[PDB]
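Listed here are the chains, written in short residue letters.
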Amino acid sequence: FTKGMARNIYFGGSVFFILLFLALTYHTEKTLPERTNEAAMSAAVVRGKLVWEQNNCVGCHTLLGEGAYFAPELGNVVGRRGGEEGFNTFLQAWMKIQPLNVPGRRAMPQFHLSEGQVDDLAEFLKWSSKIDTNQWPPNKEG
Amino acid sequence: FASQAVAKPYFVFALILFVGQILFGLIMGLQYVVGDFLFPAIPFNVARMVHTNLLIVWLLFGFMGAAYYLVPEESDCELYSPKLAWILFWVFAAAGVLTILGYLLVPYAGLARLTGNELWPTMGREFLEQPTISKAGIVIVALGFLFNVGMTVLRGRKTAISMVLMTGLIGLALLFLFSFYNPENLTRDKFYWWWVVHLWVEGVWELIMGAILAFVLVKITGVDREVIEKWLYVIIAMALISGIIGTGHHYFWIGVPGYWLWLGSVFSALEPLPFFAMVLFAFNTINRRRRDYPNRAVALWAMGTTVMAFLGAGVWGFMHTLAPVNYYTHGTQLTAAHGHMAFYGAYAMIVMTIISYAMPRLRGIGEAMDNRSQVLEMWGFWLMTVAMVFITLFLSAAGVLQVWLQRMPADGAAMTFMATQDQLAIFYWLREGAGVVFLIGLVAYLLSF
Ligand code: HEC
Ligand code: HEM
Ligand code: HEM
Ligand SMILES: CCCCCCCCCCS[C@@H]1O[C@H](CO)[C@@H](O[C@H]2O[C@H](CO)[C@@H](O)[C@H](O)[C@H]2O)[C@H](O)[C@H]1O
Ligand SMILES: [Ca+2]
Ligand SMILES: [Fe+3]
Ligand SMILES: [O]
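Top to bottom, those sequences are chains A and B. Numbering-wise, the numbering used here comes out as the position in the first sequence, counting from 1, plus 3. Numbering-wise, the numbering used here comes out as the position in the second sequence, counting from 1, plus 6.
For the record, the hints were derived by calculation from the structure and aren't laboratory data. Every residue, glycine too, gets a C-beta built ideally from N, C-alpha and C.
Restraint ranges, calculated between C-beta atoms of paired labels, are given here:
| id | chain 1 | residue 1 | chain 2 | residue 2 | range |
| --- | --- | --- | --- | --- | --- |
| 1 | B | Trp96 | A | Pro102 | 37 to 45 Å |
| 2 | A | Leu25 | B | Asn293 | 39 to 47 Å |
| 3 | B | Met414 | A | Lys33 | 34 to 42 Å |
| 4 | A | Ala43 | B | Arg163 | 55 to 63 Å |
| 5 | A | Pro102 | B | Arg161 | 56 to 64 Å |
| 6 | A | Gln138 | B | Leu407 | 17 to 25 Å |
| 7 | A | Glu41 | B | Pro330 | 28 to 36 Å |
| 8 | B | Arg161 | A | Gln138 | 50 to 58 Å |
| 9 | B | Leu452 | A | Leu25 | 39 to 47 Å |
| 10 | A | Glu41 | B | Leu149 | 32 to 40 Å |
So the derived list for chain B, only partly shown, Cβ under 10 Å to chain A, looks like this:
| id | residue |
| --- | --- |
| 11 | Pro127 |
| 12 | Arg131 |
| 13 | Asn188 |
| 14 | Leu192 |
| 15 | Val233 |
| 16 | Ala245 |
| 17 | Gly261 |
No more than 27 Å apart at the CA atoms, straight line, and that leaves these computed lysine-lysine pairs for DSSO-like:
| id | chain 1 | residue 1 | chain 2 | residue 2 |
| --- | --- | --- | --- | --- |
| 18 | B | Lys236 | B | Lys164 |
| 19 | B | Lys89 | B | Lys164 |
| 20 | B | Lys89 | B | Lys14 |
| 21 | A | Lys6 | B | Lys236 |
| 22 | B | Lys141 | B | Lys14 |
| 23 | B | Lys164 | B | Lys225 |
| 24 | B | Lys225 | A | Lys6 |
| 25 | A | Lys33 | A | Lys133 |
| 26 | B | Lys164 | A | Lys6 |
Given the sequences, and given the hints that come with them, work out the whole structure.
So this is what it looks like as structure tokens:
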């Protein structure tokens, strides 16, 4: 069991699994349009992503459980606050009342967002909840 | 060799930045429980990106330093250009401090305007909060770096250590390009985010880490280079076997196929192996020494690094890598418990290990410090190492209770996010204590120079 043998397991066995991975992604990236519902991915859903990106919501929150653990999960906040019909109006009020300023409670900043910005946000968050996320989370609370 | 003293600044600035990291840790740690602490001046999300971007930045400075140190010795020739090594340092260090101050002095949406993210949107993703310009800067540096130490291996000996280390570093910089690809499709975005984070920390960085450990074990134990380099190749092979498909453990609940649940859970079960090898690798070679080494701390660091990495990455990694478990823990204080030990045990400790080796012989003190500095390093070691096992325990507690209250019950019995967080408060205070002890232990470690 020489140093030439061990060095080849690393060389060959990794080239194998890179391909297998890259082959595995190629397939996966074909199923995406259907699992994510790319039809429903309007320029609103997309502009909403950028608002999300631009104010670093992920630095307090999680989205499909990825992010920061300071504030609630938001991939499923729709079904918790007014559902698909009443969610936007909610986020509208919710974004402009921050910070609540109840002492010693975790704060959210005021982001000075336009109603068009907050609406795309809502559209982005709604589209996100309707992604085939293999039945995650367990429940409504995130 | 004499050009190895360009690794000295890299090592110091790494430790400087390492102190910045722990402070902002401590702030956030407190914001958990005193919600409006430093609000609205420094919101939690700003402290967090400073905390984590200091970690990622001080680990690179730490990895580069190690290469600037150990690649001359391995190549049996002087560094290709010590001019470059210093020019890059200052660029990188300027680039780092500016980017950090950007987070701190301007509102993030403003910083996105200022640096003009609209043209090339890459901001606002976890660990990749830096402006595009800053990423570009990091790549330039990482290219200058690669080239400089890349040439040194060509014009000199080609030991396995030096080769693998170059692979890991090349691979580090390549994968970091995916920080520029920022899909409009959220699930597409997440898929390719894990090519940066996971293939770094569970693939390509394990080569960096392994290589340094092996380089350190050659010098302090005096064991045959030929069995060390053999063992090295085993550990690496096991890393890329388990880890490349093992990526799938991040692909459960983000909107990609369910077949990843099997693939990710099967291959991830294997990812603690490399780490288990690492401890056997340390313990044997350090146990069959042709040498009692004048710096007793290095041996402690090398053995500890391998254990802590096994506990954090391996054990804590396994505990929640199985889709059935991961489902209830995904994005919980448990995830934070693991990340902390796994990052610290693997990469913080390995940077400190090689510093503990090379620093005296970068100041020309000797192979070791005197007995003062040595019993301090080792005090620091233990305070920090033991501080962090508590940090992970306390947070593991939170995470388990949190799964209990919020995650497992069905709609209605499931307690609210912000309501369960109130139950967890004690653990979070205990964690702040552990965090303080840690800062003490870092200061102990730091006084040993
Ligand atoms: C884009 C920049 C952001 C969006 C969109 C949202 N946030 Fe936050 N957030 C934070 C805290 C501490 C709370 C809890 C508030 C309380 O209960 O006192 C929240 C809450 C929300 C909610 C309501 C979710 C629910 O189910 O109750 C939504 C819809 C929401 N946030 C959206 C904190 C922070 C924070 C800390 C510095 C940041 C940067 C953001 N939030 C950003 C966004
Ligand atoms: C010592 C005191 C420390 C404190 C008080 C602290 C606190 C924190 C906090 C509050 C977060 C954010 C939690 C959230 O997202 O909601 C965090 C994140 C993180 N910290 Fe620390 N930290 C400390 C030290 C460390 C150390 C020593 C490391 C060394 C490796 C480290 C690595 C990380 C990493 C990787 C994250 C991102 C974790 C994730 O997303 O899962 N931290 N820390
Ligand atoms: C030194 C090596 C490792 C480091 C630094 C590390 C670090 C991290 C970090 C920081 C996260 C959370 C990031 C985020 O969501 O922002 C994470 C997630 C995770 N890690 Fe690792 N890890 C390592 C090795 C491993 C090992 C080897 C395994 C499997 C045995 C493991 C299993 C997991 C799992 C299952 C998650 C997902 C938690 C979630 O669902 O969000 N990790 N890791
Ligand atoms: C070594 C083990 C490797 C196993 C790899 C394959 C794992 C696939 C198993 C399914 S993953 C996940 O499991 C969940 C059950 O915990 C399943 O949840 C089920 O029950 C939940 C309540 O308990 C409920 O919220 C869901 O709507 C219900 O579908 C979930 O669907 C499934 O994706
Ligand atoms: Ca996270
Ligand atoms: Fe991983
Ligand atoms: O991971």
